[PDB]
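Next up is one chain by itself, shown in structure tokens, the form deposited without ligand RBF.
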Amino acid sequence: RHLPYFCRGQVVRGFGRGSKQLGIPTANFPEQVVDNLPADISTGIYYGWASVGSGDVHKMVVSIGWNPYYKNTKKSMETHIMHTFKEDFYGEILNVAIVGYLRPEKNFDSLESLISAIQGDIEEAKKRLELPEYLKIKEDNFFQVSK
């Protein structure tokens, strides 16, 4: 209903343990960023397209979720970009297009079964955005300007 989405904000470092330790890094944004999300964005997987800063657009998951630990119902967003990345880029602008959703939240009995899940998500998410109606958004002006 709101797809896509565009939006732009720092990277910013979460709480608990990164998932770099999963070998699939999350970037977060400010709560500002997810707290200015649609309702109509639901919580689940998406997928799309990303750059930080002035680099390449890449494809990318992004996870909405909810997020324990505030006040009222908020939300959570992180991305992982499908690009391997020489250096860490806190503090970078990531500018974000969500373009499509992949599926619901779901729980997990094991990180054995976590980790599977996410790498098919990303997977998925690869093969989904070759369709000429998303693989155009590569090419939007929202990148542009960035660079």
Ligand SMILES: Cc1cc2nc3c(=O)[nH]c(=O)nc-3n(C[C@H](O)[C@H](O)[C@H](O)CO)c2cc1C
Given for the second form:
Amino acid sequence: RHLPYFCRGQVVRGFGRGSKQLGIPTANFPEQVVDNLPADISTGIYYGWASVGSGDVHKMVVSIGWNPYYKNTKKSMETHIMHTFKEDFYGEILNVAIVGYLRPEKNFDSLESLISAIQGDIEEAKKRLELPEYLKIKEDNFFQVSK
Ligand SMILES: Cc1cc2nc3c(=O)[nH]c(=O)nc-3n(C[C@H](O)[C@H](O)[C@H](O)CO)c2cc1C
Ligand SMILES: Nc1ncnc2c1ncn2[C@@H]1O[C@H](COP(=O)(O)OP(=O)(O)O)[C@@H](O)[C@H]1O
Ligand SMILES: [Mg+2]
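The form deposited with ligand RBF bound, contrasted with the form deposited without ligand RBF above:
Below is the whole assembly, all chains and molecules, this chain first.
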């Protein structure tokens, strides 16, 4: 319904152990950004395009989940960009276009299944983003203003 969804936010640290440990870093935004997501952007795994500051636009996946830790009933969002960065980018602005949905969140019985699933999401996202309908969003003025 509300795809593509465009948003921008400062990259901020998260809690627990960071998914850098898995070789799959996931960037967070301030809760203000997540809170302004339309209700119809259900939890689950999405894909799209991202850039950092005035950088180039790269493929990405986003996980939207429920936040256990805040009162009311808040969501969480984290983005893994399919690009090798040479340094962290905490405090920079991450620009995202969420363009498609992959699947609901799932319960996994092991880290082995979870990691395999995440890697599979990343591979499927790379393929879907080649479709001309999604490939063009890479060139949206949304991103062209950020350079
Ligand atoms: C693309 C992607 C898909 C994910 N899918 C799930 C999932 O289906 N179930 C889950 O419990 N966690 C999922 N996660 C959460 C992942 O376990 C999380 O990144 C770290 O555990 C904490 O940042 C996913 C993360 C990413 C980046
Ligand atoms: N490909 C990438 N995608 C997302 N973040 C990246 C990427 N490469 C480097 N990073 C850095 O990794 C950080 C996320 O690492 P992570 O271990 O998930 O910790 P946290 O969620 O606590 O910030 C981002 O804020 C960013 O600085
Ligand atoms: Mg993270």
